[PDB]
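Starting off, we have a lone chain in the form deposited without this ligand, written out as structure tokens.
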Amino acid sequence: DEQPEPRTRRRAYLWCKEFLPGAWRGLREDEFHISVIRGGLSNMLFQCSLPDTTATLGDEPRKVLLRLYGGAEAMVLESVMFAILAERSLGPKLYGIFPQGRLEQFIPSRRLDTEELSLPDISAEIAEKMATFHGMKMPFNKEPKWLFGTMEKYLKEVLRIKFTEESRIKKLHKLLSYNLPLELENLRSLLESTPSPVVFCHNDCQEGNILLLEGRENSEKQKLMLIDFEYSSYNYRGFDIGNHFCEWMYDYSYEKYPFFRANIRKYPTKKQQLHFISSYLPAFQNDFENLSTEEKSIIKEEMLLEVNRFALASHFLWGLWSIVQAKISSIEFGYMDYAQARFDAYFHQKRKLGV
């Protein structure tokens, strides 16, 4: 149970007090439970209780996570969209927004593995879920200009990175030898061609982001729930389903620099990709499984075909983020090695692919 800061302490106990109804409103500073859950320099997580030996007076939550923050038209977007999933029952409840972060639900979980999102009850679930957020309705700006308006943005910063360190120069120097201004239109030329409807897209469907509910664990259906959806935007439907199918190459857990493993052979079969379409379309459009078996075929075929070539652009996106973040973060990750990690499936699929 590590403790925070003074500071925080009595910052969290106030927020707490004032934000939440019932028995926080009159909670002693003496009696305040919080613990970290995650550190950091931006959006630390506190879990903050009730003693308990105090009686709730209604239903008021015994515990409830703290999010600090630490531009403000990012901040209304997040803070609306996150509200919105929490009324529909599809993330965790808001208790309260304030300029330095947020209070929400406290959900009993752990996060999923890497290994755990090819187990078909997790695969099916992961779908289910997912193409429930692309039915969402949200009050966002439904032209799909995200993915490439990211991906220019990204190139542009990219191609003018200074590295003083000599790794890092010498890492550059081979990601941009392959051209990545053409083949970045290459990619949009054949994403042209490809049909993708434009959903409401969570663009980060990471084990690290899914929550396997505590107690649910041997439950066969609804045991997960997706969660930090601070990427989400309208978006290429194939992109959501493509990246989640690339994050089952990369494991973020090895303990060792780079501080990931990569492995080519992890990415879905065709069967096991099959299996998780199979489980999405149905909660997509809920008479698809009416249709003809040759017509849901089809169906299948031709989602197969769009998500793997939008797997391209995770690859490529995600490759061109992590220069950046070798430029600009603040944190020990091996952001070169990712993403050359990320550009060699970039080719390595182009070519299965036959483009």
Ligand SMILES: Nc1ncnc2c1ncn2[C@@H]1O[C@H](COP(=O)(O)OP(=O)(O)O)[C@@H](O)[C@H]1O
Given for the second form:
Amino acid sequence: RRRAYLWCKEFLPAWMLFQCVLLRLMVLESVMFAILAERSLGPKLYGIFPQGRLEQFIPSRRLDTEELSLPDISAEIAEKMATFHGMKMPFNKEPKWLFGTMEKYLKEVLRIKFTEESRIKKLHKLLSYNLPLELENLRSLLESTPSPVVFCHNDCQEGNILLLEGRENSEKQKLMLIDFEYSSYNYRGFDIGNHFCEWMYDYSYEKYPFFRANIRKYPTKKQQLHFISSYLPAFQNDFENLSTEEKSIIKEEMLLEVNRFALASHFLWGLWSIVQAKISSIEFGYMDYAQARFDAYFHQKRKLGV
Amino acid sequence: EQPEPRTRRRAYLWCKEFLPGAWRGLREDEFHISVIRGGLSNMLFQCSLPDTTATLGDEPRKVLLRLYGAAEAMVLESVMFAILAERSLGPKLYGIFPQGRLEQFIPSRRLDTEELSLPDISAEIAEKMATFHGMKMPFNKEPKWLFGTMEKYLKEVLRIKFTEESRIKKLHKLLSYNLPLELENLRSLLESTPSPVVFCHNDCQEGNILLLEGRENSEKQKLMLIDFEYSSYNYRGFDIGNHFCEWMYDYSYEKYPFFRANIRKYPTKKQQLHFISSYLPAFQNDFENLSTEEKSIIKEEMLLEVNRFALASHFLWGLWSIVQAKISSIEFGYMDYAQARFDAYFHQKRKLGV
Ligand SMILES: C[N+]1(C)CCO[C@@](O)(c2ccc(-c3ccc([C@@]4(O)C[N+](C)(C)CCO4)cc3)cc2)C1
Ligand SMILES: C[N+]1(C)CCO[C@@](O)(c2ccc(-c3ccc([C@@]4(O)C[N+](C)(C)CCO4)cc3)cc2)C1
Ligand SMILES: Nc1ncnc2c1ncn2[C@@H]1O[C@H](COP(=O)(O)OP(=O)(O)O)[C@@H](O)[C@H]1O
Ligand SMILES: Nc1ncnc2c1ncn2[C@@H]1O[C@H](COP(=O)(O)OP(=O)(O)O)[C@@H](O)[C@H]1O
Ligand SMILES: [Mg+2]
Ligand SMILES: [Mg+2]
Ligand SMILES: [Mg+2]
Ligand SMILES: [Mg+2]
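Write the structure block of the form deposited with this ligand bound for the protein whose form deposited without this ligand appears above.
Then the entire complex follows, led off by the chain already shown.
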């Protein structure tokens, strides 16, 4: 509390996450946030200091999982993502984040020792999949799958999408993407595929494991096409003026791209969750979530026949 | 001049990975780099595509690489640089990494000391400073930087032990002034001198002002302020006062102590009025509408404000220079410079007090 009061008094000019403006308790992240603020893509930045930062509080609510599939919501998310992907940022453009992070987590996963027997058993099951071998299978598949490198959000889930208070009747301008902690140059396919995976997961469930997974909620081809139909003219300048045939070809190839990279969403966040089970103090069914993601990984492989 | 091979390799890789377009596929053997400034710290290089290499988009053909060389300040400086870039006040920011930065290369030269007094130059500096001072920045708005910094440097100065006779002798002369007491006198003076708290550059010297290539025929739009390392919320008077002091110091002198000081080069009242007459309406659009009597009152008060705060320029940078004498291995007469600043401090005090 103490430290928080003085930040407001000194940084703000009548003058964890708290509403006082908003307070968050890092060079690249700070620079990024500052740039996005300047560009009016993200919340304004009021204060930057070691113990946190003072960010604009935007009247809003986060989306619910089920809202991701509303046509107008989906269309706008696609547009916002396309816009994000268009950002120049002073960061390394060589894609490293995706597979570097997977390796990082995998290294950690392979040396984790749990004490609780339930967790020990759950880990046994997961390790049975031969994760190092599987990662190489994934690397092979994705290396064969062209995807342009863009500035990705990397965590486009409903909790990171604000529905702006008073803009609810706006068809195309009622959302803002937030929470850029994972944002980096990455394969475009990951961002979109990750988003599509998020249709399935609801993190607001009030009973253990504190999420729901619904495999039946992955977007249908029609839904996927609706999304990318919005993304593509927003991202690709010349897209709108292509022939119908040209457009179909691009779309179809993009569906293959995004659905393959979705595999990386499951793999990365599955490994992540195992690590969190060990180190996190937050109450959440991390091992159960890991299992859900790996279940989805193999299911998607079966779907794609890969 | 060409950099050493290790630097060339590292520079290559930063350019290749951080810069878009043709840079991304550039081979090592195609990389062009020349030294702007060497040394152990804050080295500068120009990095360039082959002349025969076509750009793919809107990527730069040439950039500036800044290497820090030999954590709180890191975040603030980087964030500040990014913001100023976004606002078109400063060079574009192409890359940031632990070891340095890639910045827009701006065809230009820095001003010479003598040029600070040119009326059109001075007027544009005042305007640029006014603009600077209008910036909202996500930094602490309490004006703690000035006296915080002087206190900090004084602490260190009182701790210094030199082992070389000339430095030992010089330090003793400076110490003989009773710096802690003098600092309290200065504090008391400036305490009684109203000055608005604005985002200040804090180092508006000729070396930090670029004369933009092509625009040497422009009256009002031929400069850019750079080098924001010291920038902070501070008393407006310090920024202007400090700028005035800089008329007196030329850091381009080729022989020891590698600067020249000339007290007589301080702006005349006429010159000061010219500067502030440009600043004021730049800083407040409505200013031009006040009665001449109102304007004169504001100007007269501002002159005393800036001239008082000039004392803090002398004191702060004097102390700074003593600290550098101890911690820096750069070839500069830091002690001589410290003495120069204190000489000017007492001269200015006498001017104000007579
Ligand atoms: C996208 N990632 C980074 C990887 C995939 O998992 C996540 O999407 C994610 C998001 C939210 C959670 C989450 C954790 C804890 C809670 C909770 O509210 C549950 N409890 C109420 C039980 C205790 C307090 O924290 C809610 C959501 C967990 C994982 C985060
Ligand atoms: C060419 N030599 C002889 C060797 C290489 O370094 C030099 O070029 C050189 C030139 C100028 C300086 C210099 C020293 C102090 C200042 C300063 O203005 C910096 N501050 C404004 C930060 C504090 C007051 O003194 C500016 C330039 C230092 C070294 C001098
Ligand atoms: N600028 C903001 N204005 C209003 N609410 C916000 C803002 N930023 C975040 N929130 C709310 O706080 C939640 C968590 O913040 P977020 O930036 O997503 O950090 P985390 O990484 O902890 O999820 C969001 O889901 C949203 O409910
Ligand atoms: N963006 C730029 N484009 C071209 N030259 C520059 C640029 N930035 C700095 N310089 C040159 O390098 C010198 C030192 O740069 P500066 O940013 O002032 O660093 P320092 O803190 O070392 O003085 C300047 O006086 C100027 O001549
Ligand atoms: Mg979030
Ligand atoms: Mg987050
Ligand atoms: Mg400089
Ligand atoms: Mg500097």
